[PDB]
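Student: Letter by letter, the chains look like this.
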Amino acid sequence: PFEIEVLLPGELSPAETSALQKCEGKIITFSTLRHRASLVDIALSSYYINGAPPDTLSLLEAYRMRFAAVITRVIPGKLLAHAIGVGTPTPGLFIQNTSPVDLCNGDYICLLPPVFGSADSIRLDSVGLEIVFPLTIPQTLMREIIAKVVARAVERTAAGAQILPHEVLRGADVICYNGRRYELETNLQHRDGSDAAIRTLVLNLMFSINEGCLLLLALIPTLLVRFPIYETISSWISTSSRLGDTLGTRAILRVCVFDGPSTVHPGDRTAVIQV
Amino acid sequence: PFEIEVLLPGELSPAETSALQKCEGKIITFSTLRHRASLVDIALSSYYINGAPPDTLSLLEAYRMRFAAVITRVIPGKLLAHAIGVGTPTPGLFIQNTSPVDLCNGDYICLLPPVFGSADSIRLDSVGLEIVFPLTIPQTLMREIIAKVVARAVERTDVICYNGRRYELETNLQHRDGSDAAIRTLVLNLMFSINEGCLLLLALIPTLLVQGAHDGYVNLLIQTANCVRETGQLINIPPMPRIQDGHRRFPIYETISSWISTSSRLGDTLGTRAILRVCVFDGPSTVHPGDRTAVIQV
Amino acid sequence: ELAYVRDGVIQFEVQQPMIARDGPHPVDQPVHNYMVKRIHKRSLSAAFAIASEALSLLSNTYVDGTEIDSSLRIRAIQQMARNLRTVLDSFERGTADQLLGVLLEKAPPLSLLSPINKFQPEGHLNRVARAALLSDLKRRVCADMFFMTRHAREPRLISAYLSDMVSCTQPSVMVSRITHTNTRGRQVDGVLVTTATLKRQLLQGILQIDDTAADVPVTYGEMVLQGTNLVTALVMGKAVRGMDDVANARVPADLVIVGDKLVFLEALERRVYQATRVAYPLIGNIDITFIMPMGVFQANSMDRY
Amino acid sequence: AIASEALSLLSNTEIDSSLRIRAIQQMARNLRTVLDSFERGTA
Amino acid sequence: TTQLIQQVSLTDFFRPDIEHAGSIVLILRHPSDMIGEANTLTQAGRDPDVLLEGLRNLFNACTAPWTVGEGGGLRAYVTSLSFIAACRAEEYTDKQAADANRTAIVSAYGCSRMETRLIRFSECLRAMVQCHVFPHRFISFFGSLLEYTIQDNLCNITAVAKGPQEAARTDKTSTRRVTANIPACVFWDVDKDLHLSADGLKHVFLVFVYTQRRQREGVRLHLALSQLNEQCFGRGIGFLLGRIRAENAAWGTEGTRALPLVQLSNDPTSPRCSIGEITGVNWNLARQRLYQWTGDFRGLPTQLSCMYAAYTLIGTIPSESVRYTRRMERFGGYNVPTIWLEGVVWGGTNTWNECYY
Amino acid sequence: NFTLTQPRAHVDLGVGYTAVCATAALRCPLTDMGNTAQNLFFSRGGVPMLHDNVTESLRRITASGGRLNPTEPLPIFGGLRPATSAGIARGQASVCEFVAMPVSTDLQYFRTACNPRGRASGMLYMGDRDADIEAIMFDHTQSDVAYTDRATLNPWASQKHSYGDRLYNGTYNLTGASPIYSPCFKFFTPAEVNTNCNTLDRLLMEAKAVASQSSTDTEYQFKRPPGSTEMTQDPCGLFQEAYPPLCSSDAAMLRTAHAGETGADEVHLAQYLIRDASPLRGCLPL
Amino acid sequence: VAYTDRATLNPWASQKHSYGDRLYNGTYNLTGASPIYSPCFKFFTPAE
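Chains as they are written, first to last, in the entry's author numbering: chain A, 4 to 228, 267 to 316; chain B, 4 to 160, 176 to 316; chain C, 98 to 344, 377 to 434; chain D, 146 to 157, 163 to 193; chain E, 118 to 372, 382 to 483; chain F, 1109 to 1394; chain G, 1253 to 1300.
Careful, some of the hints might be misleading.
Simulated restraints on C-beta separations [stated by the list, open to error]:
#, chain 1, residue 1, chain 2, residue 2, range
1, C, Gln176, A, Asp309, 23 to 29 Å
2, C, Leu196, F, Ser1251, 53 to 59 Å
3, G, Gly1272, C, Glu251, 56 to 62 Å
4, E, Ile267, C, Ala428, 53 to 59 Å
5, A, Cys297, B, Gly109, 25 to 31 Å
6, A, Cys297, E, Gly459, 51 to 57 Å
7, C, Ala228, F, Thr1170, 33 to 39 Å
8, C, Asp241, F, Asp1214, 24 to 30 Å
9, C, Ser256, F, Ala1117, 40 to 46 Å
10, A, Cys297, C, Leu196, 32 to 38 Å
11, B, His232, E, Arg243, 42 to 48 Å
Straight-line alpha carbon distances no greater than 20 Å define the calculated PhoX-like cross-link-like pairs of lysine-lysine that follow [stated by the list, open to error]:
#, chain 1, residue 1, chain 2, residue 2
12, C, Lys215, C, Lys203
13, F, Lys1316, C, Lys203
14, C, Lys335, E, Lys289
Residues from chain E that face chain B, not an exhaustive set, calculated with beta carbons under 10 Å [said to hold, decoys possible]:
#, residue
15, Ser314
16, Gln348
17, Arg352
18, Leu357
19, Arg398
20, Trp419
21, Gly421
22, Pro427
Simulated from the structure, these hints should not be mistaken for lab results.
Note that beta-carbon positions come from the ideal geometry of N, C-alpha and C, so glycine has one too.
Modelling step: build the complete structure from the supplied sequences, incorporating the hints.
Tutor: The structure is reproduced here in structure tokens:
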């Protein structure tokens, strides 16, 4: 009937201690279930096999299958930690706001680490270990965001492959919510994740859609005014089932602030709770 | 909390008591929950009211209409059981392993009736009912099994590979009660994909083929694309469709959203919902098949 | 010991005085009317958040057998006692500052009562009397302005102020007139709150200290109700009280005499309201409007001579 | 059923004492009545 | 285990004094993204001018233009559901009691200058439903409201996640136990197939009807009480609304043959053109002899315009032999229909699904 | 957390005169006269407009003055407002309503203050007639108590249901909560009053218990935010009278070049001086 | 800011790049041996 406490580096560099104190309020990912998770990040990108190591899917799966933890103040000599995953519940937890997007209480929220552009992270030269903070967004808004990202990537690929320009100005593309402006696809450079890791997934989705629409258009419509030809259909069904299973639904997070402020900005007093 | 109480019928004891003792960590499932639980409405009710007893559709319907029930250690005093709706887990509800392949923590294993090798049947002399043992077959295995079944049904209008292991299977064309439902669902899904985005996607087929000359992924994409790459080059198709509403709204976003929604709906309909995630403690997660496996509530 | 009183009101027999004429009018009979009032309610809540370190330290039950944990526990209990004392003092100060002012809407009696006792004999006014009263009110509100502030250097308006006020003051009730008097035997009037500079100016100008008597009697006690009375009140729902009308700390306090009135001034500008997030009360506001012409001319023509 | 009255008595200076005494008397009367009913049923 | 959320409210759009304790309220959201996405939602099938005029007159009718319009920061969060429930109860073949209940409601809570605002809101919602903007993505669920207080244009609205009906014991009135009464006159009768003995953990489905008729499109509140999962209920809503689904499909088709290419692709010795495509010497000279098929996309530009199912799995009850009870009371001269629903718990996640099978 | 709550009740025993208040002080000024424009273009309906090439020029001309104006894309929808700019130490700007009246105006009436409403009204008739209150303010056919021969002034500004009630009052849901709010609307609609036993309480509650209608924190004269706590009084909001300030046709006479003592001229050629109704000349050097 | 009626006061030296800014400003000091003093630089750069 005990708990697990993280290690405390005693007599460290003043810069390292200052950085740890500054990042103390930031969310810290939980360690492994059994003993410890220190070389997992290093070994995650070890199978480069003479090329870019696919790590987006692996990190997404790790974040979905791993819980979180809340750290406390640092005291020289003794360290205290709190965990509500498999240990004992705690009477309220304080976590600083991280996601710049506005959030509303009384609604179910999900967790999904972004992979487009850049994300906040902490890295130390003398440590060599980096931690990526996932962004928490509601599922309803997340679905629209990912759909818009997929559409923008598809249109960018079409423009880059067709040679001639094909972008048609359909109007303003600025999303405004509670006085906050959010502009997407404001640039067409330094795209290190647009067609690097999700390119294979979007290509598979596109070819599956193409084969399905061809198969239905072959004989299905009738009111409009040695090869069994089944292995391809079976493979398409298997890939569709696999992607549906790997899509996942991580709705376990919730926000509930007692008499909190209306506007929300990074650096406020929020609460963390589950359902 | 709330729990389902199981009664003990009289004038019967030895055979069922021995079977329960041998089962140990084996669990069962219940359809209707009330103040008291019976034993007739598990197998006889499922196999009745149909005339010809089926093996796939009726079992799937019973599993969908049923719930999750666990069995703890049986005491000579009375029968004890716990429900999944409560949030107060108690150690002692560990179940046994009934899969030839070992499992590990980190997989969302669902439930499905045993179809690759059926299951053992125990004859009861007091009432005359059988007990169905749940299995932990991986999701991809049942997905490819149902894909083969629907392909065979479409053809009407047998060998699988798993890490080098192959074995002969049986046919599933004796019952057509679900074939019409599958045909209707696939017809509706195909009729839900009449959008114009596929033309735009196919407009980039030559460009993708040119770009893939040095990509190196053709050796892996050939197996998954054996007829689409041939049918896409056999149709001329309008290269530049006339613009009617592209100057006001982007149409590819709506088609992508609809495709994602229908794919998620099809996945939810086919794979249904699982029960719980299996997690073990103390020793390593590698557990020999056919032995005791630790099961906790997350 | 109250849960649902439905805004109870005490009962008393008070008859307003009436004038007597005995002129050209026959014998009449007295007429009286009964009215009801309402009772308001107020509440105040306080909180003091704390971390889990205090409870973790207090939930050890001497698990190590040393003096360090005992010292930590004693410092924690001392800190929590100090915090409790501080929040109690803050709550007391808040209630003290909230107790001042309950009728600020009708607080100024002069501008709303002087014409009533100056021109209206009994409140019955005809058209000409109403017009005269309206003209007098408009003249007063047009000529008053800040005349008293402008002529504050002349210390002779106090006599006029008291002469005007003596025609509007009426005696209070006599039944519930229990109060604490000084050694001289003169009943007090009330408590006046003013700024420190105003109090100093009044003390240097008129108010002279001549009395020294301070006491803090504790006579309210804690009344209790018998079980029989409680049950006989709760069987029907209505709660009864009374049934008697058959037929430590030291704080300085002084008093002053200004003739026929005994009013004491108690101002605490530096003692309290120090380093407090609550703003100073009694800060009112006024509104006014102005009208100006733009391109106006006379109608006639034989005026530029 | 005994959970409702027990919870009301547990989770909720003369009115409170009288209410507690009345609740205790009612609980004792109910217990006596249920014991008599059980004895009659057994007989 | 107890969580509370504090929200602000106004007086010109909500009067907490009339509403009693134990009521159920739903939190809305500002349409900041909806006013921008309506252009894409309306699509080329309809015009956005009607929606623009509707939102313009809605903003004009709404008070405090300096706060609302682009953010729900200083707006009334809690909104009474009685008005919308009564408004949407007209199409229920039961109006004798509704008219009697609404005659006093309009006289007391309404009057003054409210008919114009009510008509403006009704026409705005009719235009929103007609244009298929899907405004149901802002409806949530909350617990009972047993506490309310307001001093000056500020209501301290508080709520809880679960329901402590069996453990609150406020003892602030003559009653001994708390209760939560909410009218359920819009409860759809779905017992025609479950009239037999059915007991257990019944599930409540919040189904929204989305009709696609001619000038009679609207969303009406509906309730259900039956122990069912997401598959059987979906199949029931699929093959039980067949007539209205077919009518909507026929109305929405506001407007092409087979092809033998499959046979020639299946048989061997198929004409393959890969080296020529790679070289590019016949990029356009080889596709001129292919099958054009004379395809046209004018037959059906969109297919998601026939959605009629918006059920949400919100609300659970483990009590056996469920049976609603309706009594009669008075609030000073006007009776109110109240249902005794106390000593129950609720919970679960929202599942907004758009099914058009 | 430890939360403690204790209900408290307070009763009263003095129905008559008990409270005494007498204050006379001045603080730092907060707002002064303004020179801002008005959002007349925000009509939301009216005569159709098709001359875009001239309307854009008119908008540019009216925006080049330096007053408040919308952004470049012309956001006619929503509640978009221009960003607040810096301001010198002069006070808070305010709107200035314009009333069209004949130039011929009596000098005595201007000297003795004017009524923005047009005619004084009084509800002290004990409800003798429901239409009596409206008759005395919208009759314009009987002699007034202020004019021995005339009845009402500004015949081109005071009306019944053509100009006054159409624009100055605001009906058919046309008032709203726009920043350009008329301060005279608070005493335009009589609305409904409550009854009591004596008239003293009625006049006390009529002359008091007045809440604020705007905020002085911003120079744009925005509406009062919900939840604010402030107290203010409007003595001139019920008297229907406002004394004119110290103004003159020419500043040469007001400059007081001679200084020292002061004089009084009865008849002059074109120079006239009006004494201020508020004797505040000795407070602060003006 | 002061008088909204007019645009600005002294437009010839109100752009931070005028003749005075080119000559002295507060940190330019382009002269070789001119006898500069404190007021020639304190009138343009009032510290930070």
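Student: Now tell me if each hint is right for this structure.
Tutor: Comparing the hints with the structure gives:
As the Cβ distance of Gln176/C to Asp309/A is approximately 27 Å, the hint placing it in 23 to 29 Å holds. The beta-carbon spacing between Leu196/C and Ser1251/F, approximately 54 Å, falls within the hinted interval of 53 to 59 Å. Taking the beta carbon of each, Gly1272/G and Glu251/C are about 58 Å apart, inside 56 to 62 Å as hinted. Checked against the hint of 53 to 59 Å, the pair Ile267/E and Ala428/C passes, with Cβ atoms roughly 57 Å apart.
The hinted window of 25 to 31 Å between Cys297/A and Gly109/B holds, with their beta carbons roughly 30 Å apart. The hint said 51 to 57 Å for the Cβ distance between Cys297/A and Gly459/E, and at roughly 40 Å that hint is violated. At roughly 48 Å, the beta-carbon separation of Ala228/C and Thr1170/F lies outside the given 33 to 39 Å, and the hint is violated. For the pair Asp241/C and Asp1214/F, the beta carbons lie near 26 Å from each other, so the given range of 24 to 30 Å is met.
Separation of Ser256/C from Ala1117/F is about 42 Å and conforms to the stated range, judged on CB atoms against 40 to 46 Å. Distance hint for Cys297/A and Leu196/C: a CB-CB separation of about 37 Å, consistent with the stated range 32 to 38 Å. Between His232/B and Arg243/E the C-beta distance comes to about 58 Å, which lies outside the given range of 42 to 48 Å. At roughly 19 Å between alpha-carbon atoms, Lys215/C and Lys203/C fall within 20 Å of each other, so this suggested pair holds.
With a C-alpha separation of about 7 Å, the suggested pairing of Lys1316/F with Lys203/C holds against the 20 Å cut-off. With a C-alpha separation of about 16 Å, the suggested pair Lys335/C and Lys289/E falls inside the 20 Å cut-off, and the hint holds. Because the closest C-beta pair between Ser314/E and chain B is about 9 Å apart, less than 10 Å, the hint holds. The beta carbon of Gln348/E comes within 6 Å of a beta carbon in chain B, closer than 10 Å, and the hint placing it at the interface holds.
The closest approach between the C-beta of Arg352/E and any C-beta of chain B is roughly 9 Å, which is under the 10 Å cut-off, so the hint is satisfied. Against a cut-off of 10 Å between C-beta atoms, the interface hint on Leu357/E is violated, since the closest Cβ of chain B lies about 15 Å away. Of the supplied interface hints, the one on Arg398/E holds, with its beta-carbon coming within about 8 Å of a beta-carbon of chain B, less than 10 Å. For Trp419/E, the suggested interface contact is upheld, since its CB lies about 7 Å from the closest CB of chain B, less than 10 Å.
Interface restraint check: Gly421/E against chain B, minimum CB-CB distance 7 Å, threshold 10 Å, status holds. About 7 Å separates the beta-carbon of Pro427/E from the nearest beta-carbon of chain B, less than 10 Å, and the hint is met.
In the structure shown, a violation is registered for the earlier hints numbered 6, 7, 11 and 18, in ascending order.
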